[PDB]
Amino acid sequence: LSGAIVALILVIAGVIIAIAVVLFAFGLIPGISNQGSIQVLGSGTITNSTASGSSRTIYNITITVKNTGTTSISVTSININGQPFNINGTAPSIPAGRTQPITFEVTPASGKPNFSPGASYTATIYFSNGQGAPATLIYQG
Amino acid sequence: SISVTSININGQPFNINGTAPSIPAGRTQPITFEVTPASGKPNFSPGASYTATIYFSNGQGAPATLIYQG
Amino acid sequence: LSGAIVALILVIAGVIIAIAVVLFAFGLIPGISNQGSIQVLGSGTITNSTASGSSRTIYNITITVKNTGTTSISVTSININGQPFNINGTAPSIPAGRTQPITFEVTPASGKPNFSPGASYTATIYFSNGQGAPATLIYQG
Amino acid sequence: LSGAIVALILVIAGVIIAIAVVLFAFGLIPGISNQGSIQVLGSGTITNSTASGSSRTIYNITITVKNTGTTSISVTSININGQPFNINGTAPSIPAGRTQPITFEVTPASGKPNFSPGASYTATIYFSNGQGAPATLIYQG
Amino acid sequence: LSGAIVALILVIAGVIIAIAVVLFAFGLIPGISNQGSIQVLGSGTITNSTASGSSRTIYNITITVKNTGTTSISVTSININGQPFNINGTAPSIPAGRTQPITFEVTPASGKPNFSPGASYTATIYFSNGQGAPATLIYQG
Amino acid sequence: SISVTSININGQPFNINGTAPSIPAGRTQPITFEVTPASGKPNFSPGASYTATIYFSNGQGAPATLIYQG
Amino acid sequence: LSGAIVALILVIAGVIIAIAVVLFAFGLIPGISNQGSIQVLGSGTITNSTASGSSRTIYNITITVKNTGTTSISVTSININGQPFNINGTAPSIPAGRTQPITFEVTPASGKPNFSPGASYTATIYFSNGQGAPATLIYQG
Ligand SMILES: *[C@@H]1O[C@H](CO)[C@@H](O[C@@H]2O[C@H](CO[C@H]3O[C@H](CO)[C@@H](O)[C@H](O)[C@@H]3O)[C@@H](O[C@H]3O[C@H](CO)[C@@H](O)[C@H](O)[C@@H]3O)[C@H](O[C@@H]3O[C@H](CS(=O)(=O)O)[C@@H](O)[C@H](O)[C@H]3O)[C@H]2NC(C)=O)[C@H](O)[C@H]1NC(C)=O
Ligand SMILES: *[C@@H]1O[C@H](CO)[C@@H](O[C@@H]2O[C@H](CO[C@H]3O[C@H](CO)[C@@H](O)[C@H](O)[C@@H]3O)[C@@H](O[C@H]3O[C@H](CO)[C@@H](O)[C@H](O)[C@@H]3O)[C@H](O[C@@H]3O[C@H](CS(=O)(=O)O)[C@@H](O)[C@H](O)[C@H]3O)[C@H]2NC(C)=O)[C@H](O)[C@H]1NC(C)=O
Ligand SMILES: *[C@@H]1O[C@H](CO)[C@@H](O[C@@H]2O[C@H](CO[C@H]3O[C@H](CO)[C@@H](O)[C@H](O)[C@@H]3O)[C@@H](O[C@H]3O[C@H](CO)[C@@H](O)[C@H](O)[C@@H]3O)[C@H](O[C@@H]3O[C@H](CS(=O)(=O)O)[C@@H](O)[C@H](O)[C@H]3O)[C@H]2NC(C)=O)[C@H](O)[C@H]1NC(C)=O
Ligand SMILES: *[C@@H]1O[C@H](CO)[C@@H](O[C@@H]2O[C@H](CO[C@H]3O[C@H](CO)[C@@H](O)[C@H](O)[C@@H]3O)[C@@H](O[C@H]3O[C@H](CO)[C@@H](O)[C@H](O)[C@@H]3O)[C@H](O[C@@H]3O[C@H](CS(=O)(=O)O)[C@@H](O)[C@H](O)[C@H]3O)[C@H]2NC(C)=O)[C@H](O)[C@H]1NC(C)=O
Ligand SMILES: *[C@@H]1O[C@H](CO)[C@@H](O[C@@H]2O[C@H](CO[C@H]3O[C@H](CO)[C@@H](O)[C@H](O)[C@@H]3O)[C@@H](O[C@H]3O[C@H](CO)[C@@H](O)[C@H](O)[C@@H]3O)[C@H](O[C@@H]3O[C@H](CS(=O)(=O)O)[C@@H](O)[C@H](O)[C@H]3O)[C@H]2NC(C)=O)[C@H](O)[C@H]1NC(C)=O
Ligand SMILES: *[C@@H]1O[C@H](CO)[C@@H](O[C@@H]2O[C@H](CO[C@H]3O[C@H](CO)[C@@H](O)[C@H](O)[C@@H]3O)[C@@H](O[C@H]3O[C@H](CO)[C@@H](O)[C@H](O)[C@@H]3O)[C@H](O[C@@H]3O[C@H](CS(=O)(=O)O)[C@@H](O)[C@H](O)[C@H]3O)[C@H]2NC(C)=O)[C@H](O)[C@H]1NC(C)=O
Ligand SMILES: *[C@@H]1O[C@H](CO)[C@@H](O[C@@H]2O[C@H](CO[C@H]3O[C@H](CO)[C@@H](O)[C@H](O)[C@@H]3O)[C@@H](O[C@H]3O[C@H](CO)[C@@H](O)[C@H](O)[C@@H]3O)[C@H](O[C@@H]3O[C@H](CS(=O)(=O)O)[C@@H](O)[C@H](O)[C@H]3O)[C@H]2NC(C)=O)[C@H](O)[C@H]1NC(C)=O
Ligand SMILES: *[C@@H]1O[C@H](CO)[C@@H](O[C@@H]2O[C@H](CO[C@H]3O[C@H](CO)[C@@H](O)[C@H](O)[C@@H]3O)[C@@H](O)[C@H](O)[C@H]2NC(C)=O)[C@H](O)[C@H]1NC(C)=O
Ligand SMILES: *[C@@H]1O[C@H](CO)[C@@H](O[C@@H]2O[C@H](CO[C@H]3O[C@H](CO)[C@@H](O)[C@H](O)[C@@H]3O)[C@@H](O)[C@H](O)[C@H]2NC(C)=O)[C@H](O)[C@H]1NC(C)=O
Ligand SMILES: *[C@@H]1O[C@H](CO)[C@@H](O[C@@H]2O[C@H](CO[C@H]3O[C@H](CO)[C@@H](O)[C@H](O)[C@@H]3O)[C@@H](O)[C@H](O)[C@H]2NC(C)=O)[C@H](O)[C@H]1NC(C)=O
Ligand SMILES: *[C@@H]1O[C@H](CO)[C@@H](O[C@@H]2O[C@H](CO[C@H]3O[C@H](CO)[C@@H](O)[C@H](O)[C@@H]3O)[C@@H](O)[C@H](O)[C@H]2NC(C)=O)[C@H](O)[C@H]1NC(C)=O
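Protein chains in written order, with the deposited numbering: chain L, 16 to 156; chain E, 87 to 156; chain I, 16 to 156; chain J, 16 to 156; chain G, 16 to 156; chain F, 87 to 156; chain K, 16 to 156.
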């Protein structure tokens, strides 16, 4: 008798644990699937903010940005002409569903830039999502 | 009627501060309860997913995904 | 009489041992299921730390890292351009739920690197989880 | 009794094998990087190399090859104008960090090639890291 | 009395068979590696090979094949342009560590192929290690 | 504490010449050991990656990827 | 005595059920291929279909459709250039194995479109498989 009752328990338990894992897999879908992103529109600009012979050079990155997602997002880094820059001061944030010009200040992480007036540099902006967007910036002066 | 005995979040043990919530026979419903870390200090990040396992008075444990909203 | 009493004991014992194993299987789920990981954001950089004609070359790997899990984690190895490197000095550690730039020093395990200024190398960072993440590092100089 | 004891063994073994496969998937990643170690720079040259009255047609091929990996790599095959060619003698190799004009001898496998002085032929070179690369070869005579 | 004595035998046998199956699962793993031993390099060539007035249409096929396994491997079948082909005579083989132009004779199984001079045909070659590989073949006439 | 007992690389068996190394409980380590082919010869290539399987004293084995350095 | 007989029956039944599950898995493979039964080919046209200043704008969607499936399959819905539309008339249906032109009347679900002569618009047509096919319609009206 014993063998068949044990076999039946492990069938019923097998069904329970298997269905629990299938329901778990359906529960992941809202977290992993998430349409919409920050989009970068047109060219941006770089402007020299540095003043008074200060020890650190500071630049100004103005660009037009459209958040197509359902949540507020922020910038976290920029890379320009292959060189990393830190975003000095509070990083700006783009509300859900909104198009804005945004401006923020940056400093080189190491070395110095060699920008030229009217030249165009490729840049990559990284958002709080981990998602990044390639952009073109024109150096104004 | 069956009640929540314990919860573990992302491997970490947690204590249900408030009284155990209970689900009546045959019902489907939302269930809400207050919980506190058993040790240390967690740091949930907005919009990230964590796996709870909730243990009910059957001894049955169910894995579930929670998204942090705070 | 004997046969039926023994048959009944082995039914009841069968139920007990089978339910004990089902409860054990539900007890594994918190250990094996563990969402969230270390995520590597944007490009990192390599910088030459070597000095004074020393016998060992030392490099600097700076990268931005986001721990989405509920526990503190550390780096344990890096492989760059197919070559293994040791993390000289205490390996850095990323607290739960936190985004950080991290920096650590490394030395080749065998041979020598042949990095070139401004070139980009694929790398893999391995964390204490056993989980690893592919990354791109730009050699600065 | 037997059924539950077997279920417990297969549960624990299942966890061990599943974790091993996940770790293996992360362990592959470094090996993918090496597939791009080589590139071919500019046009190369074909030259008829065989001695007077000799049975074998043999050609000298010269190309500039750049190696960016951490190990020496060698030529393994060439396809010229669609024809597969055999490589004669020892294969050449490119040291790990270097860019060099490389020269080697080849002989046709599929039949008789009819190169014309000053004509330009496409080729694909194949290397010991499993990479293939497009090339242009000018037949000098 | 009988019932308990039988239960003891089936408990011990259960442990022995369960452990044997777990060890078998680990014992499979080496055999999986060999499935990727071969790759086909560049275009190959088809050539009409049959003698004047002969009943059989027969073609010569030439391709470069690289073997990276620890054993010799042979060609077992080819499918050209969707048609299955039969292989005539002895199959060719590629020595364990080598890259070679390989030549073999084939004859159509499914009907009459109508190759056109200079046209390019996709093929799948199949090898004695159970692997299949995509190939391109240019019909020379 | 556990030890290695065999390795298979690219489908070929190898013997672990000299004392097999051993890993203490709860510990992470780089380990190094020497091996010889049991039959035939390998045909490794610099920078190429080979699948391998390491077998421990448990009978448990683990798949691995090895890069041939030179 | 009984325990051994029960063990034997469950061993034999185990073999049968395991084989049945393996055969069932292959039985799904033909069924899932029905998801690809329809192809939309060539380019379609869209033309004014309303008259006499009637209250509804109505149009004509002519397309060529090939059905590779074993059953007659029908148009469930259409979306034109991102906009939802309703098929006024009864759903058209494509018989098994046929290639044919298909023509049907359609109306905007909301607002007012303004197709311009000779411009191209992308329809996606959804068939009773749940399969959706993108197609280009040129406006003729
Ligand atoms: C953005 O604005 C920044 C601040 O004005 C500029 O950085 C400053 O550049 C000065 C020289 O300018 C020229 O040369 C650069 C290459 O070195 C080039 O990128 C520029 O486009 C421009 O052609 C520099 O002056 C230093 O160097 C001069 C020689 O080049 C020398 O004459 C100066 O005496 C001085 O050493 C600034 O450096 C700082 O100068 C301070 C004195 S003063 O120059 O203000 O009178 C001194 O006290 C301080 O120690 C020294 O560091 C330099 N400023 C900084 C912070 O580095 C930058 O060029 C502008 N453009 C871009 C694209 O970044
Ligand atoms: C990172 O920094 C490291 C330390 O400065 C660099 O390693 C050092 O490289 C020196 C040569 O530099 C050039 O050649 C390299 C290839 O060999 C190349 O990777 C570099 O990009 C660069 O073009 C080397 O100097 C040795 O070799 C010279 C010939 O190449 C020769 O002129 C020197 O006399 C010397 O032999 C360094 O080696 C060490 O040199 C000591 C004397 S001194 O050079 O400091 O004056 C000597 O006492 C010592 O025994 C010898 O080993 C070499 N240092 C080390 C520790 O290996 C490295 O190139 C930099 N870049 C990268 C990408 O790693
Ligand atoms: C590479 O160089 C080799 C010599 O180093 C060449 O071999 C020589 O080929 C000559 C003809 O080449 C033509 O025909 C080939 C097939 O035979 C063909 O593959 C080539 O692409 C090309 O179209 C050959 O000349 C013989 O044949 C001629 C007719 O084809 C005839 O006019 C000649 O008189 C001669 O019989 C060479 O043979 C040698 O010729 C010597 C005299 S001379 O031709 O140098 O004036 C003669 O003394 C000698 O006995 C005879 O064998 C043959 N060998 C040599 C040493 O020249 C090979 O074709 C080259 N391949 C390419 C692709 O350029
Ligand atoms: C095809 O490739 C072959 C190698 O794969 C080449 O063989 C090499 O030929 C070099 C001289 O070739 C010159 O003269 C030919 C007439 O004899 C002419 O057809 C060629 O076009 C070319 O103008 C030879 O170099 C010798 O002369 C050099 C001075 O010019 C001197 O520096 C060298 O030391 C040598 O004496 C090559 O030399 C051999 O060199 C070996 C070292 S290495 O050159 O490979 O680095 C050395 O170990 C050996 O002892 C020596 O004999 C010679 N190389 C080989 C491997 O044989 C052939 O010329 C190429 N053909 C064409 C038409 O270009
Ligand atoms: C591979 O090579 C074989 C010869 O080595 C070819 O066999 C020859 O095929 C000729 C026609 O080929 C065409 O028709 C085939 C079906 O018959 C078809 O499979 C081919 O793809 C191609 O479309 C055939 O020519 C005969 O038929 C012609 C009409 O189709 C007619 O115009 C000819 O006069 C002739 O009757 C060959 O037969 C031989 O022709 C000799 C004269 S000549 O044609 O060489 O000028 C004649 O003397 C002889 O009696 C007669 O049998 C036939 N055999 C030979 C030796 O040429 C085969 O088709 C090739 N396959 C491919 C794919 O290219
Ligand atoms: C299709 O494949 C067949 C093999 O599967 C080929 O048969 C081989 O033909 C070689 C010569 O072919 C040349 O001449 C043909 C006209 O007769 C022409 O149609 C071809 O396009 C090609 O130009 C033959 O090689 C001989 O000649 C060589 C010099 O060119 C010499 O080096 C060889 O030793 C040989 O004398 C092949 O030779 C046979 O070779 C055997 C060794 S191996 O070559 O297989 O390594 C040897 O054991 C045997 O005794 C000898 O007779 C010959 N191979 C076979 C197996 O028959 C056929 O040409 C291919 N057809 C085409 C159109 O390419
Ligand atoms: C497809 O054909 C349809 C019917 O022929 C067109 O829809 C009808 O368009 C009439 C005017 O057409 C002009 O304006 C359109 C935008 O409204 C434009 O797309 C056309 O290209 C063209 O430039 C419209 O008539 C109304 O508006 C006129 C002014 O534009 C005015 O003169 C009329 O008196 C009328 O107010 C139709 O609306 C219908 O008109 C009926 C009277 S009559 O026009 O037949 O004399 C009226 O009884 C009815 O209530 C009113 O709805 C309009 N029909 C509909 C259903 O909207 C359509 O533009 C064509 N093209 C496309 C791309 O859809
Ligand atoms: C980077 O961000 C800092 C805040 O995160 C910001 O600090 C603020 O500074 C302003 C005034 O700064 C001026 O003076 C300093 C010298 O003290 C210069 O380096 C600077 O360029 C400006 O000219 C101050 O009003 C405010 O209270 C500060 N805020 C905080 C939170 O401390 C830095 O100024 C900024 N760096 C640059 C170069 O702008
Ligand atoms: C943790 O669990 C307790 C029981 O499960 C619960 O006690 C109940 O408390 C409410 C009123 O609590 C208020 O006042 C206390 C101070 O006494 C605060 O700490 C608390 O935040 C509230 O502001 C009471 O009406 C009820 O009868 C209690 N229930 C029982 C069974 O005793 C605690 O409230 C709960 N902790 C929190 C923060 O809610
Ligand atoms: C690798 O990590 C070591 C610690 O794990 C570290 O030791 C520390 O060294 C610093 C000073 O090191 C300098 O001098 C040595 C020669 O003695 C050079 O090799 C080195 O590059 C530095 O220039 C010392 O202050 C500190 O107390 C040491 N800490 C410990 C725990 O011993 C090594 O320096 C480091 N290697 C490199 C190359 O940085
Ligand atoms: C395989 O393992 C052996 C021990 O299990 C080891 O023996 C030791 O050998 C070393 C010195 O070996 C050198 O010389 C021999 C020739 O005699 C070479 O084959 C070898 O490659 C080395 O170059 C010796 O100091 C030590 O005492 C030996 N230990 C014992 C216990 O005998 C073998 O050397 C080793 N095989 C290889 C190839 O390393």
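There may be inaccurate statements among the hints.
Straight-line C-alpha distance at most 30 angstroms; calculated BS3-like pairs for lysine-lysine [stated by the list, open to error]:
(1) I:81 to F:127
(2) J:127 to G:81
(3) J:81 to G:127
(4) K:127 to L:81
(5) J:81 to I:127
(6) G:127 to J:127
(7) K:81 to G:127
(8) I:127 to L:127
(9) I:81 to L:81
(10) I:127 to E:127
(11) L:81 to I:127
(12) G:81 to F:127
Worth flagging that the hints you see were computed from the coordinates, not collected in a lab.
Determine which of the earlier numbered hints do not hold for this structure and return their numbers in increasing order.
-> 1, 3, 10 and 11
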